[PDB]
Amino acid sequence: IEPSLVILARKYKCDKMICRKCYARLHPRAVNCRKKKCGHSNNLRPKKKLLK
Amino acid sequence: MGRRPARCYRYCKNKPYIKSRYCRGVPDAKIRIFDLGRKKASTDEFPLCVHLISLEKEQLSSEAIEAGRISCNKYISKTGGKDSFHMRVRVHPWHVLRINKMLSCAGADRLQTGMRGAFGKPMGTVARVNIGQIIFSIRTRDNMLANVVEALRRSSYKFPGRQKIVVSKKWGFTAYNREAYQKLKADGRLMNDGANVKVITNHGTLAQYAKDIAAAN
Amino acid sequence: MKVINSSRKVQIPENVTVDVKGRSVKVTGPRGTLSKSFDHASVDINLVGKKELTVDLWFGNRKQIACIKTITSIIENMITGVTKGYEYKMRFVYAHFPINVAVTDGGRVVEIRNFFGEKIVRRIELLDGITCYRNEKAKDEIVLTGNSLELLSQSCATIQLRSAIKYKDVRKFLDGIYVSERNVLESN
Amino acid sequence: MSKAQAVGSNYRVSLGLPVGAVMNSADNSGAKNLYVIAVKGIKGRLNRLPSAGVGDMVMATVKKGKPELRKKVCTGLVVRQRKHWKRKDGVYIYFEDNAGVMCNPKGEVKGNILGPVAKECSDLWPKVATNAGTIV
RNA sequence: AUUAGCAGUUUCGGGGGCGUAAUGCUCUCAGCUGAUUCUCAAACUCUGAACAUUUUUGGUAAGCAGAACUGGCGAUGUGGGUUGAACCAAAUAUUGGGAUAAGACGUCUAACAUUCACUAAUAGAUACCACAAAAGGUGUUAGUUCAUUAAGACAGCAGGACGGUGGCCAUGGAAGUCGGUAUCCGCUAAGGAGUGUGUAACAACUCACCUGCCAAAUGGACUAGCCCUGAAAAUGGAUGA
RNA sequence: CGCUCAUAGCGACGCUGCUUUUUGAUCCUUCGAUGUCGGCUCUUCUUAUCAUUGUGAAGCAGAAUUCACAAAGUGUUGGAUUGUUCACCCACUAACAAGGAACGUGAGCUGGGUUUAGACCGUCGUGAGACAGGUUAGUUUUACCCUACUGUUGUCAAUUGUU
RNA sequence: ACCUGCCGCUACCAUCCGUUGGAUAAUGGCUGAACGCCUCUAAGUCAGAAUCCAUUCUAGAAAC
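Residue numbers (the deposited numbering), protein chains in the order written: chain H, 1 to 52; chain F, 1 to 217; chain B, 1 to 188; chain E, 1 to 136.
Because the hints were derived from the structure by calculation, they are not lab data.
For every residue, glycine included, the Cβ atom is placed at its ideal position computed from N, Cα and C.
Watch out, some of these pointers could steer you wrong.
[As the list claims (entries may be wrong)] Calculated cross-link-like contacts (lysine-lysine; reagent style DSBU-like; alpha-carbon spacing at most 30 Å):
(1) H:16 to B:139
(2) H:37 to B:168
(3) F:39 to F:101
(4) E:66 to E:86
(5) H:21 to B:168
(6) B:166 to H:13
[To be verified] Pairwise CB distance ranges (calculated):
(7) F:57 to B:62: 38 to 46 Å
(8) B:104 to E:6: 41 to 49 Å
(9) H:50 to E:108: 50 to 58 Å
(10) F:22 to H:23: 52 to 60 Å
(11) H:52 to B:158: 40 to 48 Å
(12) H:48 to F:180: 34 to 42 Å
(13) E:66 to H:48: 36 to 44 Å
(14) B:113 to E:48: 53 to 61 Å
All chains should be modelled from the sequences, with the hints used to inform the complete structure.
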């Protein structure tokens, strides 16, 4: 349950990809910043993961 | 540069000042070393050539050149073995930049050593190019090409203006293509001199290959 | 430059009906009379037989053509809803401060009492045509069923958003309401 | 610092003087004077003294006292403002002359508080209330 | 002025195994000389060019300073560039009609029709001229290259994704996957001593890799047109409106 | 660099920029005189947002920070020292962020400096005298005009009936 | 001159009073194509700042 729900939670928040400009959380298999101000950067960190 | 930001030494103007018998305070260039990799490696063993070339006439600094070289230096383990690597730049910063300094840096108004006798001490050593003159070259084997272009890519950022990368149809540092540069080996009329080539001499030489035979060895 | 578009289309079975009088459509079936409007990027649509439904477009861009597919998809979804309801089974998570959600149907509102020690109510009015039952297993799972995919889903999303903290880390609290199973359709 | 008021802040600000006013130490510790540097919580504006508390904590100094206590700043507590005020009540407490005590940065008064102490101050700072038999 | 190796050497410089140190063999260094290549020189050349614009000197540059040719405000305005000493049209007696010039032709404001593409941007809109760059962009338009594909594809989803074997190392252990190395073969349509996730570590999943179905296109890499990002400064605000 | 890990946070060597809040370069305007600097006073303005609010990141468990965006709506202090901005400590604070506006503001101020006459000291000078060398004392004039602004009368004579 | 001292004027040197709707930004989504998947976006749209604009408040047009 808690493992089956924590994963779900992660999927909705922690396991998406941020930008290296707008820091904007896109979606887990993203490829562009999807913003006008950025210019759809195409430079994307995956948002961090932690046990704590 | 150190005394300047390279925005005043972006574009070619004024006739060439150099390290001469008229100048003398002229500093030493930021690189006097221009090759990287196996210089022992043969003309024949490496048959792959990429160039870097500006599209606009611009004065590349010696420091800039150095920086460019030490991308391609570090893109070598990433490439795969320094053995399969040559480089030569082929643009030596011969020409020198003048700087009349502004004596005021924290305060104090000249109008006495202002803009009168205000002729540059030479500081800056730099190279001119045009709209296609080469600024880096890489001989290599046909293994590395996406590697070398990436090194060049890095190099592109370290240089002012819009550059370009073209792969020559030659064997790298040679005036023959490949269609030609097998016929020389195949027919066997080539003559070798380490990193260079020679070719036998019929329409190359005639007055000294008239009554001669040592000219077909 | 102009690459020429064309019609996608959608199939309408014989337990459901469709009208369309002025490029705007109201599909009807056993669940209800679910509606959505179109014509807005000069998007032409016409019905041929009580079986097909087609969105015609033959002069435009890629942009224009993108719309055509989307509209069709939407109508398909609507049809599906009208046949049998879209189900959104959410599940919440907390037991240090157990997350406690309550409801009213008819008025169609959901309210969250305890949530990460929040002593407030977070009331959020569901859109019209959304019911909510809950076969809970261990103080978890709410379901929201509805007919219009587009609206029910939105409502669910809103609810989810409401069960979220805006300060401190997100890997701290891994708690709130979370949609386990969307795009779920009951067996009729 | 500290800070703990109250419930409320026992209502409005009143002072005997702001910055640069002597008030007696009223303390068994050999501070004999207390001179204000400034007052805590005064955010203030353009040209306006950081003004004395009604029973609130102040940045102060021992100007004339023990030499050990002399120099070195000290958080204090105002106890009685010569200059007057109305309370939520309809009385006007007013005193002989200004006074306070040198204190800890958790508010706590050191020895025992001498003389009369306005009740507001006591309310504000429980230690004050504890360490006196006059709270008028 | 100045880079690169190559060749013949050097008991004529020096040090290593051999040899008298060796300059002899086998290595590197130093110097000379011979054949080639890199880049090149206002004060060099074997050789050689018919305030505005063009050339040019100093200057980080300036509406800075300084030259050349010619053109311009001086007895030279008019029409145009929103407005303006220098840009264009073009020269000024007083007139009328005509037809043009530069420049415009939604409305300001005399002056319109057509036809094709592009852009969707608080954008963009009359050289000078009142600013924009490097670098980004799965915005859209155009285009070039090579590749995949009826041995049936792309994208997707469905199935399979084995053994020698826990290869050798490190290592209770790390077995494809702390980390490192070699990285080989059997059987098969099919499977790297393995892309990641994960596991104390194995596994599990996922990938590479193969087939099912759907049913015809697909994939990369650049190139340049417009648009966007970059792109902040001070009274309210200027494609002239 | 950062245990690991180029870009969380930094970021060498190198390149492109903006800016007119430094100072220089400049000498186009003013020498038939724009009243030079500072501080008090006060509005308004710009954002390159210090706080605030709403957000997104982190090497973000929490508190505490750090980075990014929208955003100038509102806030952005009391002293000591110095002619003083600049400066330099103490003190509170949500924060004590940057600036502009003829280096905002002398018919609004004082004149602290700087800039005259008197003097002192030092140094330099045969001396008269010089000194971004110090020191000390050294008249801040005029609005009754035009406008702009504050508040106030008057007009609203085609705001249509003598109102 | 001094002590009182009224009316009055006045002191966070006293007292009382300073609201609520839609519209958006960033941003988080929803359905959802372009591009069978996938995507906050292209069509379409949900939430949402001290913001925006109204509400409230001052003046009241050669305006009725």
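Which earlier hints can't be squared with this structure? Hint check: 3, 4, 9, 11, 12, 13 and 14 fail, others pass.
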